[PDB]
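**Q** Here is how the chains run, residue by residue.
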Amino acid sequence: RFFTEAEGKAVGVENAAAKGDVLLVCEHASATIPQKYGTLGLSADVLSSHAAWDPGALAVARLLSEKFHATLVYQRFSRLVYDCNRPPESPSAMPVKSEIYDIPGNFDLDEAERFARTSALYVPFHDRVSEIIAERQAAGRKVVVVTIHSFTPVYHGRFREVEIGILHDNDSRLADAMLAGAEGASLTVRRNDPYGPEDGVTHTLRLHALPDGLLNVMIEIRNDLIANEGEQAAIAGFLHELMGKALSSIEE
Amino acid sequence: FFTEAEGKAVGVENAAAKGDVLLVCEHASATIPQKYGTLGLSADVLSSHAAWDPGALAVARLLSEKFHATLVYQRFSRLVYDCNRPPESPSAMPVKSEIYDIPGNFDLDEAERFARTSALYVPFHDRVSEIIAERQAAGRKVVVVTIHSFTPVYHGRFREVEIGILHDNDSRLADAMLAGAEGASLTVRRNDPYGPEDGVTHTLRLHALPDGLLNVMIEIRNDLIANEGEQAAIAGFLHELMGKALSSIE
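First to last, the protein sequences are chains A and D.
Read in order, the letters of the first sequence correspond to residues 6 to 257 in PDB author numbering.
Read in order, the letters of the second sequence correspond to residues 7 to 256 in PDB author numbering.
Everything labelled a hint here was simulated from the structure, so no lab data went into it.
The beta-carbon is built from N, C-alpha and C at its ideal position, and this holds for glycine as well.
It is possible that part of the hints are untrue.
[Stated by the list, open to error] Heads up, incomplete: computed chain D residues facing chain A, CB under 8 Å, no partners named:
no., residue
1, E116
2, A125
3, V128
4, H131
[As the list claims (entries may be wrong)] Here are some of the chain A residues that sit facing chain D, going by a computed Cβ distance under 8 Å:
no., residue
5, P92
6, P93
7, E94
8, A117
9, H131
10, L212
All chains should be modelled from the sequences, with the hints used to inform the complete structure.
**A** Written out as structure tokens, the structure reads:
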């Protein structure tokens with residue numbers, strides 16, 4: 006089948022029974038390629054690079070799960086197999102290239118293979134997020150959907166001076182609060198930068214936050230800022246301060 | 007997505023059958039889930055072939071009996087999700103079905119596309135795949151057979167074909183059935199009124215081809231199956247035609 010026994014399940018959930026209002030989501034948490042795919046025709050370097058995952062993002066998400074007493078739902082396999090922040094209609098869902106790197110494992114995928122990945126990785130991930138949100142709503146609880154991502158410092162010959170991106174779709178409430186709260190911060194913090202809904206990166210927000218009117222934000226962290234445990238802890242504290250204050254301002 | 011009374015997306019009959027044939031009927035039912043109302047369509051359209059393949063489930067049920075075969079069928083209309091299409095196809099959640107606009111499918115947002123994909127499409131094919139994987143794990147033969155009906159008129163001319171024998175790159179079963187239909191009282195034709203270029207071999211591509219399973223899609227002109235007797239006659243014809251074909255391929 007799709008997974009070996011030892012590989013476990015597509016979807017990880019930590020702090021399932023957390024009391025916190027924040028629901029943390031990390032689609033690019035893991036670089037793991039299911040055994041059936043081998044290398045996808047890629048080099049060891051590309052497989053250990055940001056092509057395969059958002060380095061630092063799950064680590065930061067875990068730290069935020071502790072600080073916010075917040076459930077964390079994460080994908081246990083690589084975005085190279087299926088980018089769970091993309092619908093199956095998008096060319097980026099199962100990408101034929103990562104930057105300058107061709108992905109033979111994603112060459113012109115046939116119908117059985119697109120279905121296989123969609124069924125095994127994408128639907129279970131989103132279904133679980135949805136199940137948790139429905140359950141919270143049934144208990145009358147506030148849900149704040151927060152996705153955690155990292156981004157590469159150099160993109161297409163340009164160095165990105167943005168350090169933290171505050172991303173949002175047609176609901177800007179949390180984002181606005183966080184961006185206002187970030188005035189004067191030592192980090193370069195910007196709205197929908199390096200990506201925004203224009204780039205197709207707000208899919209998860211479109212699936213889970215917007216249809217239910219839930220506060221939400223997507224957080225992008227430049228990956229050099231979260232490269233070891235100390236940096237991760239630091240950035241996690243910064244964001245706990247910023248988003249906690251933001252949420253308090255909004256409830257006023 | 008569904009009301010309690012509406013039941014489940016996937017129907018399975020004879021789940022624990024000893025037969026080698028696995029029957030699949032994607033366009034089995036015209037039922038619109040309550041949530042979608044009329045989809046902005048007229049009563050006449052909702053009761054037409056736009057919404058289902060009339061007769062197909064009836065024949066499939068008779069074939070299930072004759073082949074001692076499991077039947078997997080979709081319990082809601084192809085107008086909501088056409089389970090014989092992948093989500094990237096404009097025909098999966100169609101804004102138009104042949105000459106009819108479907109206002110209820112205009113400009114579906116991302117959440118709605120996921121909802122339909124997760125509720126109707128993925129459970130249907132997951133079930134078919136599970137059944138196939140279980141049979142293979144038991145060392146069993148699996149022959150994938152899909153059952154459709156088609157409307158008798160196209161562009162104001164009566165279609166000549168009576169039984170279409172439809173197939174993708176694996177023509178083995180189709181070839182044998184076409185050879186077997188020589189001198190039959192019905193007009194049996196290869197990939198007519200549709201072929202793989204029309205998107206109609208999706209289910210075969212998903213389930214048969216990866217493992218090299220014998221497979222075919224049967225198209226029946228719907229005037230040939232308008233009542234129980236007619237349904238029994240066609241199921242008998244198909245059972246003999248496919249049965250002999252399968253024997254000859256052994």
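**Q** Hints first: check each against the structure and report whether it holds.
**A** Going through the hints against the structure:
1. The interface hint given for D:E116 is met, as the beta carbon of that residue sits about 4 Å from the closest beta carbon of chain A, less than 8 Å.
2. Contact between D:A125 and chain A, as hinted, is not supported at the beta carbon level, the nearest pair being about 10 Å apart and thus beyond 8 Å.
3. A distance limit of 8 Å between C-beta atoms decides the matter here; for D:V128 the minimum to chain A is near 5 Å, and the interface restraint holds.
4. The criterion of a C-beta within 8 Å of any C-beta in chain A is met by D:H131, whose closest approach is roughly 6 Å, and the hint holds.
5. The interface hint given for A:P92 is met, as the beta carbon of that residue sits about 6 Å from the closest beta carbon of chain D, less than 8 Å.
6. A hinted interface residue such as A:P93 counts as satisfied when its beta carbon comes closer than 8 Å to some beta carbon of chain D; here the least separation is about 5 Å, so the hint holds.
7. The beta carbon of A:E94 is positioned within 8 Å of a beta carbon in chain D (closest approach about 5 Å), and the interface hint is therefore held.
8. Because the beta carbon of A:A117 sits about 5 Å from the nearest beta carbon in chain D, less than 8 Å, this interface hint is met.
9. For A:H131, the interface hint holds, the least distance from its beta-carbon to any beta-carbon of chain D being 6 Å, beneath 8 Å.
10. Below 8 Å, beta-carbon pairs count as interface contacts, and A:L212 has one with chain D at about 5 Å; its hint therefore holds.
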